[PDB]
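Given next, in structure tokens, is a single chain: the form deposited without the ligand.
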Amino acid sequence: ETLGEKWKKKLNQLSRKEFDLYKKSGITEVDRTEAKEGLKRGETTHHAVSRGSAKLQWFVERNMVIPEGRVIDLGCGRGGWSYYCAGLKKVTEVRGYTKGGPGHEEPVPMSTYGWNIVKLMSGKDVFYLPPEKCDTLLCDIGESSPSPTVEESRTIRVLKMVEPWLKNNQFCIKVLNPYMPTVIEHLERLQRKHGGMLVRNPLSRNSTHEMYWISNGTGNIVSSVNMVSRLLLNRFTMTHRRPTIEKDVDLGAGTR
């Protein structure tokens, strides 16, 4: 049994009260107060539509993924990754796809900088989409489940679906459950072919073991995964550490 499996079993033993105290203990988060208030009023400039804009920004500002040219955003939801990419100097077009409908996020129309080069298409299940040529491939799909075998299936399905979209392009792909041995096998194969590395984002909650496969990096996947399992396991030991608060992103206004 992996350390990740021990983490998941302990997470599943927590009461709701314990879970709620654990999930943000020692993580980093952006202060969404201002954006939430603006979005409730229907403001269409400056605000990021979700926490996702700051989450992808964390990787971009560290050069782990450097969006450029035609960006595909799989599982765009509200559009946080798409609207953030729309303002980046090297980006020329953003196409977001998301399922939408009951139980899923609809794209939120915005007028943040570069909105005119964004097209968000809901009602699209990416598992039935044929691949398109793109210079940057983004994917933020992977629904958590109390069952790690359900998560294992969901993760492998994402890894198999994204591969045909990868053609010597920039990429950033969520890996929901990176600790199951079958997932590690796929990730190692994918890294041998497409390069890159798996990275834990500090803005992720402790309630998910998600890591992101980014194109610009190297390293040992197994070591990085076990480091996260040990980090998350140790976060059950101590009393709640309030999250480290950071400023949210200002996505500005205007066309390009």
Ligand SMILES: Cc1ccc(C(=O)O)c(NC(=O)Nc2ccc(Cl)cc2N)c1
Given for the second form:
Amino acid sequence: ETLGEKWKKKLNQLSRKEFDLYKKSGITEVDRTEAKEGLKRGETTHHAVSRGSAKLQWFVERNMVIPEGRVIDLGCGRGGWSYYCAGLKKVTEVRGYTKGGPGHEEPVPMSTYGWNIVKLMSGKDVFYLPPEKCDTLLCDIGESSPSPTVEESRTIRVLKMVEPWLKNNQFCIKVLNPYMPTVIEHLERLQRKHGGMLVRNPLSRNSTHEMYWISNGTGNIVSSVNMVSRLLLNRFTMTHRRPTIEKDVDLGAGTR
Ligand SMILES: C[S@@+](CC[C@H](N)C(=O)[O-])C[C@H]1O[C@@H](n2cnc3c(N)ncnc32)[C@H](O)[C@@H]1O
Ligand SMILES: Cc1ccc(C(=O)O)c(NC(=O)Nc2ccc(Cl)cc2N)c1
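Let me have the form deposited with the ligand bound next, following on from the form deposited without the ligand.
Next comes the full complex, and the chain you just saw is listed first.
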């Protein structure tokens, strides 16, 4: 049994109160106060629609993924990744696809910088979408579950779906459950063919083992996954560490 399975078994044993104290212990988070207030008032400029904008910005600012040309955003939700890419200098067009409907987020219309090069489409299940030519492929799909075998199935499904969209392009793909031996086998095959590396985002909660497969980097997948497993296990040991607070992104206004 993997270090990740031991972390998941422990996570599943926590009371709601313990789970609530654990999930944000020692993580990094952006202060969403101003954006939440503005969005409640129906403000359409400056504010990121979700925490997703700051999450993708973390990778982009470290050159792990460099969005350019035609950006495809799979599982765009409210649109955090799409509106962030819309303001990047090398980006020319952003297309977002999301399921929507009961239990899922709907795209939020915004007037942030570069809103005019974005098209968000709801009622779209990516598992039935044929692949499209694109210069950047983004995918944030992976629903958490108390069952690691459910999470493993969801991860393999995403990995099999994304491959036909990968054609020597920039990419950032969520890997919900990267520690199961079957997932590691797929990721290593994918890394040999398309390159890139798996990276833990410090904005991720301790309640998820999610890592992101990004195009610009190299490294040992097994070592990186085991490093995250040891980190998350170690975070059960000590009393709650309040999260490190950072400033949220200002997405500005205007067209391009
Ligand atoms: C983690 S959220 C996306 C957050 C987004 N990156 C942002 O910055 O706002 C993942 C999204 O994928 C959507 N989703 C899940 N399964 C889907 C599917 N089969 N096809 C399309 N969208 C799906 C969910 O509704 C959810 O809004
Ligand atoms: C459990 C959960 C949490 C968060 C959200 C959210 O949007 O932030 C969410 N959304 C929805 O359930 N949306 C929804 C509900 C009914 C119908 Cl007819 C259409 C939609 N789209 C669901």
